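Number of protein chains: 2
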Amino acid sequence: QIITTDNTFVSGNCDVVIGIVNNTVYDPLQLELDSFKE
Amino acid sequence: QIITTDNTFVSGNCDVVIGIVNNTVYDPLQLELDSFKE
Ligand SMILES: *[C@@H]1O[C@H](CO)[C@@H](O[C@@H]2O[C@H](CO)[C@@H](O)[C@H](O)[C@H]2NC(C)=O)[C@H](O)[C@H]1NC(C)=O
Ligand SMILES: *[C@@H]1O[C@H](CO)[C@@H](O[C@@H]2O[C@H](CO)[C@@H](O)[C@H](O)[C@H]2NC(C)=O)[C@H](O)[C@H]1NC(C)=O
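Protein sequence lines correspond, in order, to chains B and C.
Going by the authors' numbering, 1134 is the number at position 22 of the first sequence; the sequence numbering is gapless.
Going by the authors' numbering, 1145 is the number at position 33 of the second sequence; the sequence numbering is gapless.
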């Protein structure tokens, strides 16, 4: 599945988790607002 | 964590539940929309 803000939850910043990897997380709704009135 | 409409669910009116307290549940979508539309 696509990694999104509905499939995942956020807790803290990125400097704590030993194995954290940089990747894009797609935000539903936030993209839509741009289509509605860019 | 902040109490939001994603963390809780809604069922019924504020009368039957014993010991219900008044507070604000923060809906993220409305907050964004009041910025998007201005
Ligand atoms: C994940 O991304 C962050 C930035 O979003 C990277 O940290 C920055 O890396 C640049 C070089 O590309 C530096 O100039 C910045 O000073 C860094 N900032 C911080 C706060 O570290 C981070 O290295 C990336 N991690 C991986 C594994 O790619
Ligand atoms: C939560 O807020 C509601 C109002 O939105 C309160 O309802 C009022 O209660 C007082 C008595 O406490 C009545 O005189 C008002 O007529 C009520 N108004 C409405 C619109 O219901 C409710 O009491 C509050 N609850 C708590 C625990 O503070």
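Any given hint might turn out to be false.
[To be verified] Beta-carbon label-pair distances, calculated as ranges:
(1) C:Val1122 <-> B:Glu1150: 27 to 37 Å
(2) B:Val1128 <-> C:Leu1141: 25 to 35 Å
(3) C:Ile1130 <-> B:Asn1125: 38 to 48 Å
(4) B:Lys1149 <-> C:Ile1130: 37 to 47 Å
(5) B:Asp1146 <-> C:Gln1113: 22 to 32 Å
(6) C:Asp1127 <-> B:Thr1136: 12 to 22 Å
(7) C:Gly1124 <-> B:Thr1136: 35 to 45 Å
[Stated by the list, open to error] Listing some non-contacts, in silico: residues in chain C with all C-beta distances to chain B over 12 Å:
(8) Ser1123
(9) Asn1134
(10) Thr1136
(11) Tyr1138
No wet-lab data here; the hints were simulated from the structure.
All C-beta atoms, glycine included, are put in the ideal place defined by N, C-alpha and C.
Sort out which numbered hints this structure fails and list those numbers smallest first.
As far as the earlier hints go, only 6 is violated by this structure.
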